[PDB]
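Asker: Single-letter residue listing:
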Amino acid sequence: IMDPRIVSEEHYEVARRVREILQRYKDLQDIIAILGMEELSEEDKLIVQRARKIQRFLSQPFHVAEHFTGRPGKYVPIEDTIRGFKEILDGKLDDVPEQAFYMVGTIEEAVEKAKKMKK
Amino acid sequence: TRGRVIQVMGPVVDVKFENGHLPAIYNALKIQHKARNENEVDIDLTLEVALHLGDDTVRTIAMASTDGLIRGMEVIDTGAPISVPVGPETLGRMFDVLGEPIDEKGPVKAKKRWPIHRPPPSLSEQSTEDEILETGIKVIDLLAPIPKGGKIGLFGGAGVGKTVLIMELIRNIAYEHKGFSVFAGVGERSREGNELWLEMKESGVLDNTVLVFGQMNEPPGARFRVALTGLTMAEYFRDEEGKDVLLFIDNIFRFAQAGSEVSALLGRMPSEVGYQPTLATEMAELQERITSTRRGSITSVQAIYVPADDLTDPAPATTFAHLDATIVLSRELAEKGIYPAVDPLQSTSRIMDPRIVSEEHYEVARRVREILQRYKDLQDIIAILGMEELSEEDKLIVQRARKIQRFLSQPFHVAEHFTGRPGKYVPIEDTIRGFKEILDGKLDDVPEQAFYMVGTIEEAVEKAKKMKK
Amino acid sequence: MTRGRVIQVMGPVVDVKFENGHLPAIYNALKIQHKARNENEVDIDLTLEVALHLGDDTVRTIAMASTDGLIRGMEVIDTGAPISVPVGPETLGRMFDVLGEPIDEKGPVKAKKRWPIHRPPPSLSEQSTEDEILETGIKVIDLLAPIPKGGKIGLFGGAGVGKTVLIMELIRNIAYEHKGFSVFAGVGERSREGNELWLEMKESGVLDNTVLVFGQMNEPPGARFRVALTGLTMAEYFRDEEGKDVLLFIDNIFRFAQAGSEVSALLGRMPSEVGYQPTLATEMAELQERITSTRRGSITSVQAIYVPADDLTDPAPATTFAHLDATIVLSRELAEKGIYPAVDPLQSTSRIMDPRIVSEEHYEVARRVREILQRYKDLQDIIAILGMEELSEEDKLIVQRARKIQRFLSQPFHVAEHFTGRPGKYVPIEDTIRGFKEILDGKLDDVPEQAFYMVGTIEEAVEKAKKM
Amino acid sequence: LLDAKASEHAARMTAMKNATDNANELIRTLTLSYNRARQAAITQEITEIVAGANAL
Amino acid sequence: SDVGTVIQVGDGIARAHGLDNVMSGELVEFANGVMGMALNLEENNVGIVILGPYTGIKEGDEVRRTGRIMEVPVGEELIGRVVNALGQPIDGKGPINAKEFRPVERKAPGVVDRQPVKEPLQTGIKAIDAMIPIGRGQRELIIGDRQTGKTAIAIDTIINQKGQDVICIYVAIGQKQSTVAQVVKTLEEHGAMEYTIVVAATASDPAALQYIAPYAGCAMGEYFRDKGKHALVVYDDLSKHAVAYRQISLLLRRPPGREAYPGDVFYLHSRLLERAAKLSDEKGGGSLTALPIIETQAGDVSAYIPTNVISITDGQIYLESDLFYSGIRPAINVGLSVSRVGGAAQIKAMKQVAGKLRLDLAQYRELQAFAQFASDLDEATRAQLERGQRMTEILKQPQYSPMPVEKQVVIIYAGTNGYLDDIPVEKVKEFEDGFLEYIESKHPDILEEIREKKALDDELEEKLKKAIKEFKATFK
Amino acid sequence: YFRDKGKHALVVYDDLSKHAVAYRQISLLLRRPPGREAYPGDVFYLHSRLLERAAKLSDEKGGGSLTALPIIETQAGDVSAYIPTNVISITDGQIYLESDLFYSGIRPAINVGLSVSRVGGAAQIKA
Ligand SMILES: Nc1ncnc2c1ncn2[C@@H]1O[C@H](COP(=O)(O)OP(=O)(O)OP(=O)(O)O)[C@@H](O)[C@H]1O
Ligand SMILES: Nc1ncnc2c1ncn2[C@@H]1O[C@H](COP(=O)(O)OP(=O)(O)OP(=O)(O)O)[C@@H](O)[C@H]1O
Ligand SMILES: [Mg+2]
Ligand SMILES: [Mg+2]
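Protein sequences, first through last, are from chains F, D, E, G, A and B. Taking the deposited numbering, the leading residue of the first sequence gets 352, the next gets one more, and so forth. Taking the deposited numbering, the leading residue of the second sequence gets 2, the next gets one more, and so forth. Taking the deposited numbering, the leading residue of the third sequence gets 1, the next gets one more, and so forth. Taking the deposited numbering, the leading residue of the fourth sequence gets 232, the next gets one more, and so forth. Taking the deposited numbering, the leading residue of the fifth sequence gets 26, the next gets one more, and so forth. Taking the deposited numbering, the leading residue of the sixth sequence gets 248, the next gets one more, and so forth.
Treat the hints with care, since some could be wrong.
Taking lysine to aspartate or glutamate and the EDC-like style, the derived pairs with C-alpha atoms no more than 16 angstroms apart in a straight line are [unchecked claim]: (1) D/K106 <-> D/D208; (2) D/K377 <-> A/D347; (3) A/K143 <-> E/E196.
Simulated from the structure, these hints should not be mistaken for lab results.
Same shape as in the complex, but just chain F:
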């Protein structure tokens, strides 16, 4: 179904833009394993900063997982996933810390989770 004809134009741009950043970060992965991220400069450094946030925002608390962790489960609509990833890609949430996107539902939850941390 990932063809311009079936999905919405907004969905297709956001999904393709997500895979490009995740592929670019998998290319840097074999060199940072030795040297670390201290050598990286400009766009390669900014790409890993956004790729970290994107990789964590793909995590979701399930209802069947309540028996393993005290966190309640969540259901996220298609309009909310597209809007959340679009803002992460654009850089509107670059100031928020990477630990505020772990096991959340919608993008507004990341804003209050960051506000709870105060960092």
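Here the structure of chain F is known, so what remains is to put chains D, E, G, A and B with the ligands in place on it, guided by the hints.
Answerer: Below, chains D, E, G, A and B with the ligands alone, put in the same frame as chain F:
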């Protein structure tokens, strides 16, 4: 005293001779059948004996498709191996595995026929004189000189440049040599054989040449015996007439592969990587016949297909002990657009001895290998540490090695469609002179992009001026 | 009596038929003794070990020597039992083959008894439950890698370190202090190395306390496979009848595993991982489960092992490590520096090292020695790039201590008296533990490093210092 | 500048120590994977050989 | 009876019915006049390996028993000749006219009949005689990648045996006839044919003949050994015998194993290589030594055939392709190559000098891999690198120019003591020839003293005086 | 037997890896086609026929319960291998033991981060 077909197992066939007068190993058998009723099909086939079984039965390998064969047919024993026509009447013709003409010029009227299986020369009558044979190709003429009267092997994977290198050598060596030429297309594309035949017809080189084909679409029996048919014709010019001859062969790996394909159906236990238990023995009976005797010399150029760029596969590994010069083609240079893509470290020959070549030829060739071997180990480090962290001697070696590696490239006459360039010839003195200026640092100022598909070193300076530097 | 005839021959494998229907058991030994009838024939003195009951009154067998000159229809006899070898005190100071026949030109062996090579191991109702430490008298082994009585010890080391000297010194110490003999089984050995060992055993006077059994590399797979079991049945008699503690040396256990792999391929069995035999763990067990500490006496074993490609996960090293109780590592760097015996203190380990078996001070002295030697190995690359004066006072106080402790691990052996003036020294467990404890507290730091080099007990270092 | 050059050499010493340790760890993990591949290739090859010999 | 009839024929193997009294390993004759060896004794058929052309043997042809095992000729009469694996001439210099013939499958010398190896086998190669010494009665494996020098080290060694009372045998296995002709011609040019025998089983010869060649080579080499005289045998590729044996076994239908080789592949090389030995005084004190050669694919030192022979020999000499393509010749890796008879297979002169070489060279192998690029280090590290670079120039040597031990210990002594500290790394080769030219005038003095006394401890004063005064006076 | 009556019972297997090796031996002696590491295809069915027999019964059956503690040895400390992964797919969790923890004095040497109980949390007392 005739025989009958008993089992038809694809390419392999079993025949029983009731009288007890069985055919010898390697003898040729004939199946000629006229259809009795509307259900049957007319058949014309030749089979060679491979093994003697117990109950008056023999295993045979067919040289053409076995479709339409029926159990109980009649088989005739010719009394000898596959016998091919020999003499000066074979010049300017094209042949099948059985030595029959595949061109439409009419029958061949040669007074004599020779069997494709013959014992090799003895140690007491071989010869080994050493001289440099020029190719006009910058890499081969410098780093791996071709020995006149010796075997040359071009090794490579799929699509690296082997056939484009054989074709350039035929258009250089044979075009600068008096005497006969022989070419055998062992298990290759029938489109390439057609283009070669037309190039010969145009140039007029067919008058001094012989061609043998039996291509990819033929059964396993024909694909392994074709190299022997081309060889029994090049042997007559050496042994009976005394002339020097060139033998060009493309894909000798198809001969090894075709022997493996029929081995399982004959009943032989398998061996390493799925090859026959007789690989080294079968390649030796081919390679040991292509040698220079007291009477005349056979210079030979062979192309070897490496199944997955792994020189350790049984067929390529078995081949290396028989050559006098070996040239390895690497996809690493081909992907960078550096053609003919010859590996300057792995390429070597029996002639790179200080007693045979000139003093500066020996020095320049050894210096090229050392600078490129040093650069090979250092380029790997640069990818993790970065070029800024290395010393001035390393930076100098990197800058010169890049230019040397690109100057090894040349535009071939047969490559005009692939290169968009006319093609060029470089003599040995210019190859030595050109590489020396790069090694001595004279052209450190010239850009690394002024050596791709160029000829003589004067052109690089003219090309840099055209590039406004 | 009953007799068979040869019906097939191909390499080391031979098949025999018994027409009367009386067939030999799965491990019996058969003899082929034939005198040439005509000038066309050759005389033979071969023996075969049974392997399978094929059916139709036929049996498959593995050969103990060459099968050249054999003819189909040649008669053969069943001995009614497995391979049997001489046992007792008369086997001390002698050389033997797989069959129990002597290699030495010292006449025949008139032993009172002969025992079969294949015997069941001792049961759980015959073993000893509480483990004892075998005192070797060698400071490094007794302190950092204790030897369990009835245990299996593994030797890993490079060429030119002194493995033979250690074996010879271990063979001595057990005979003099523990009043027990030793046995050496050369599994597929180089006949030139077997010669050097026999001459060094002869020159050191050690032969009278040991038995040497050799299976040479030039022997067929069947003979190289069973040589460890004939060495083991000779060590078994000293445990069961005399009640003494015994040492069994196996030069390379990998050659025993390899010989079984070759015999399995010849027999036609489907291979397992890396091409080894399907029976690799049962063959290793039938050897290793007979080396135990019974209530009467014990057999301890020192076994060297060859790692096929520096990979410890290979099936032969893997199946052996399952049976081992301790590991001894020999390094070339200690030998280049001058430390003997050349045993690595940071790579040698034993299951007996826990404080429930060794005393509290034995555990503390061993742990403190490893901590100081490990800390010194860190400083070695710092010492290579920068000077000794620059190090901190505490760092220098550990470098000095570590060099003195590393030298105090060294000991002058008794077998070494032919190559050096040093007479030789035996150090009890109680004396080495007492000695290292004084060194660790810094009581002897105001003493030269050469006082601890090639010495025995701690009082000798004090007197050596007073002499200088 | 004296403190800046000293701290630069100290920073580079720690960076190179970690880079060397990361590379040494990667070498043992790759070595173990190569040994698994080596043993897997040998058992697969020997089983294709024996299957073919059994079939024939 | 002693007669049979062929039932199956193919690929150089035959199967026959009858031959009830054949012995395992016997020779048999076909109606065609061709010979064969009986290797399998099935219940109803004999499996025969053919020792000649098999395209003339048909099913139903008769075969007869010869009542004899495989036997070859032996004696001094073979010296200077070229022969096949069956003991028949190839050089065309007339018949052999031998006095005795003996079996090819003799048992090896027992552990009590041997004696420790303590006398040298001088190869004349600076890297081998100093760092990887060979003694008479030892087995040393030459192993490496294709086109690295291997046949070169074996022939340079045979050329060095002209003065000593040693006989050499060269066994050409699976080799091309044109390379065999260049080897024979090289031996005739250097005068080595005065004391050598060449046994050949070339690539077009039957798999059977290429299998009996090394066993026939030992039968000829051990003949001098049983007379008290020293002998040397060389096998150009043991990797080619394993392949020839694999063919015969897979065609006789014997069970396959790792890389399709039969279970007795370790036993094949063990029966052969344990026959090299230094005998005891009761047996006359004779000595046979072997130089087997192995070809490794991309450095596969852990393959089945390389691991079998690496475990059987008394040491090995590893040759590497990256050393070869970088100018180090002979391309011997000193770090991985070992001799287990070191310190006993050398004269006292070499033992005293080579001790310093081992330490200087060992500290260099570790240091260049990392400290080569750095501009400023500690003076100790600079001196260790500079000494290691100079000693690795002294070990380089050209083909067909072996060095007598007296000349070797002099140059190594000069380098180890560090008199080359003022000589550039490119000038070290020029210094070897210049120093040896000054020593030509003193050859009468130092040849007799180093050859007779072998005492480099007493000689220190004369070596130091000549080397320092001659070069400092001329170079200033 | 105790579980069918109504009594609770525990069973321990000292090495499932040694059990698989003893099964590979007889399948290869019977000439059965080898798989992934010379082991027969039935190697999953082998550990499944046995581990499934452990179960907590319903009140209608008498409420008894059999529990099992299988043990596995893994070469070079890697969890992703044929026999280890087969049993990890059958059990209700796993306890990981590490060699660097053991040789450094941390005992019992249990990895708290990577060890989990899938049935766990419901079987603990409220305290
Ligand atoms: N000298 C050259 N100049 C430019 N392009 C080249 C040159 N040599 C080869 N190529 C390119 O690489 C391709 C290699 O084709 P080629 O026929 O030589 O394959 P090959 O190596 O012979 O493989 P195969 O034997 O299977 O036919 C060419 O078709 C062309 O695109
Ligand atoms: N010391 C040397 N100096 C210069 N060139 C050398 C030296 N030693 C070897 N070579 C060259 O390297 C090659 C080695 O050939 P050699 O026959 O010894 O190799 P090989 O391993 O036996 O090859 P092959 O397997 O084909 O028989 C030859 O070209 C030889 O002249
Ligand atoms: Mg092509
Ligand atoms: Mg060679």
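Asker: Between the alpha carbons of D/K377 and A/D347, is the straight-line distance 16 angstroms or under?
Answerer: holds (11 angstroms)
Asker: Going straight from one Cα to the other, do D/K106 and D/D208 come out at no more than 16 angstroms?
Answerer: With a Cα-Cα distance of about 14 angstroms, the restraint between D/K106 and D/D208 holds, given a limit of 16 angstroms.
Asker: Would you check the hint for A/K143 and E/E196, treating anything up to 16 angstroms between C-alpha atoms as holding?
Answerer: holds (12 angstroms)
Every hint, counting from the list given before, is met by this structure.
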